[PDB]
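Consider the single chain below, provided in structure tokens and representing the form deposited without this ligand.
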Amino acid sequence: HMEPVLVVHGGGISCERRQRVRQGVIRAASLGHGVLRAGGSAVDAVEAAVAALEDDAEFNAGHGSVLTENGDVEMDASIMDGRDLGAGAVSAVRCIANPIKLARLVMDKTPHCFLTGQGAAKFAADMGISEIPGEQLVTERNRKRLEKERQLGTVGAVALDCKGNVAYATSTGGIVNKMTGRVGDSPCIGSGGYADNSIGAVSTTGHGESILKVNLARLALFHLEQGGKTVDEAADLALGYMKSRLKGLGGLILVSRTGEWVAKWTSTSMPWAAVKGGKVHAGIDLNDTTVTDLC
């Protein structure tokens, strides 16, 4: 039996904002950790944590997603089971409250790993999931950001369950003013995340095009798997390469198969929280990390 670990991240700050964002990552991580403490799977727990961050309007996924060039919300998500490399993903999903829950259904109920657009909507209907009015996903802060851009990152979770299984989930609204039908890294296995019981699990955030081009999640783990490196060093190398090769900035969370974990970023900030044992860890910048008793 392994001691379970759940890590979450938000994206990339009106001080009353800092505090709600911090509260949101702590809530989603404690929620996912609760699943693991009850004997649920790593997959069950990442789904739960990421669906909570989707429902939280302060984060760029589900409700609160950034807007496309058309003032529309288009969402991407992916989930992976490190035991059998099971995977599900959805891209350019519209009018769906919880894209990560649809991605998990692609994984579990179809022989495919990735559905897009109208195909993903049809499958959602076949699963009994209802469409919601598009404007319910849109916030006034995001309308404003859209106008500004015409003259935020992802959400994610990694887990290690009591049986030694790892999983990631990632979900996002994308990048503000994106072209209709743009697909970023978050639904793409290898880039937005990767999970393998032989190594570990990763979920990423940042400049999606750079993340895709270096396959950042899978890269962090190649570094971990070849030896002589801790989770910290493996993550700094992977993010180090993205920055040096492409100038692309971002962040990642990583949990090894032995339960060591890290949150690292080369952007200015990355909301994150982790729960292991009886302690909750969280922060946003280099200097504001806190640790408190779980309850």
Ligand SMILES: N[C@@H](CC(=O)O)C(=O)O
The other form holds:
2 protein chains.
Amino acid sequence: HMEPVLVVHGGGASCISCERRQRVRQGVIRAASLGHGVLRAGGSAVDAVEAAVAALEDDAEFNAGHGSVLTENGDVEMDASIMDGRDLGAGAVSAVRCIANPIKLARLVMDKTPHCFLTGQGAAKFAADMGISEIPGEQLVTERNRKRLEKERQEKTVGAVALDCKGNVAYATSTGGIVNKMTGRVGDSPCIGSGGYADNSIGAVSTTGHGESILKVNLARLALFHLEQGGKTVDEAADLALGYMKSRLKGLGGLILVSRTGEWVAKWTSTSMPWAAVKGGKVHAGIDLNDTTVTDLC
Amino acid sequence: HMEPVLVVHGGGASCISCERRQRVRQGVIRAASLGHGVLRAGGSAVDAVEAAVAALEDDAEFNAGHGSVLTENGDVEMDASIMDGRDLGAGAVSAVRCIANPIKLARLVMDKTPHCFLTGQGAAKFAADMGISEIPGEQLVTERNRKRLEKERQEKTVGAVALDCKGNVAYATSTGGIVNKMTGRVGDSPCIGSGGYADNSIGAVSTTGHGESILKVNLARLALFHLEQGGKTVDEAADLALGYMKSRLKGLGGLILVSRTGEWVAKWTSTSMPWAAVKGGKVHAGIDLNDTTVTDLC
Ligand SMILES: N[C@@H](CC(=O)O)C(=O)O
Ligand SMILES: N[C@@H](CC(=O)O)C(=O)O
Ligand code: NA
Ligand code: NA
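Alternative state: the form solved in complex with this ligand, after the form deposited without this ligand:
Next comes the full complex, this chain leading.
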């Protein structure tokens, strides 16, 4: 009968703008609030992370769902994955077009098919089978992302992790990818062990950053490798994982980690990663390393 | 200069016939000699796994390339992945249709793009960009696989590791999937850490078996985790990884492992798994526990 925890992240970045910045803070707080409210109410770890990531999908400030970056086609292709710590259940979708909430489709892949990963037109056909509508792809496009893709041609992720009241853990990750990706490019976010991992015997991670690197070191399984070795903190394990990515590959990013026991951290190696957690009636939140707030829950 | 090594596997099942069993053994032996002849000539670990995996794709007796199993729609959809132990270079393709050699596409993903993983139509557009030609899909279909699909719709993989002369390690895995899979179903094969892993600091692995289980435990990455911990032979590291997958998930499968020092093992918890290894002047081969033969290299 354990003390619930939920942690969310809003994606490793560089400098965040002005008006944009209070609102990003506001977003993670509201998604992690919601996911925690799911847990207080007695719902599962899996329920909480889906809810949190689904709100950060619908939120246009974040690169997942609505708000997703564009491919070299000026097109939205999204990846996402969810896992259950109890029995290792998993669900994931890659290169999905015209679906407002991939994390939901992914959880449907988990509960309703004997598989863990569907891609492209097959995940589209499945969305229909599940009774999910496609939306016009223009709906997911914000004008800021057209200018990002214009620039990236001219010149030169959200997640949550939860411990529920019965002690189960789970993670969820959802992305638009990296701006100007080739068509049908798949990052780490739909990939079990890279975009996140969940196992009740250790804990749960959700990662963000340069996807190819995350893939190559199995970043999420790696934080947990370090944590399952006996005498390390979640905070240490996070940094060793992320250290190995930076130093081995020049790969920056971040993750969020919650342990079997309720411990949690949000670490990043890139310039910033908006995050928030909820535990024991307080809500924590930050973007840079030096704006951490605490505040009594609502 | 290290003594080069090369192992291949032909995937594990419930049973194999007797007319096509001598022919299965011949197949893994030939792909192994082919790949190992590349290493003897000064080709890279990566050259040799592409070459052996590509031969096995072309050998119609194996569920990869020509001879790939059928999805629910009686169609062929293929996955493959390849990895460079030296810099963690990786390349992958999922849900690939009408291409003769999915492993060679995956390698062109590694060397020719800034990405690691392409899927579906994106993989296809990348193939046309590379000069590769679609084939009609009927010619990857065997009659054996038309009848499996029906046997399953009524009632109810290949890979390689190398250590080259300069001591680089690598793997390649290619499959047609599992019979009667959902369109767009992605298995462990194109997934780094699950279908295989290669890291010069440890060794390289290629897996086969229950795809969903393989991904949930990150089976290749795990084999290698035990091995990097110390106190373990390659034999033990693979018993534990596979023993865990089976104890935690009832998932059965196999792997081929080669450590950075030249020691290799082939290991399965399925009834059988075809494999061959070449090292020095001798060729090892087998399917079941009591049928390992060691013969002078030709
Ligand atoms: N991991 C994401 C990008 C990010 O984390 O911001 C991807 O490569 O698909
Ligand atoms: N691992 C393969 C199946 C096998 O190896 O037999 C897949 O599920 O895609
Ligand atoms: Na969003
Ligand atoms: Na074949």
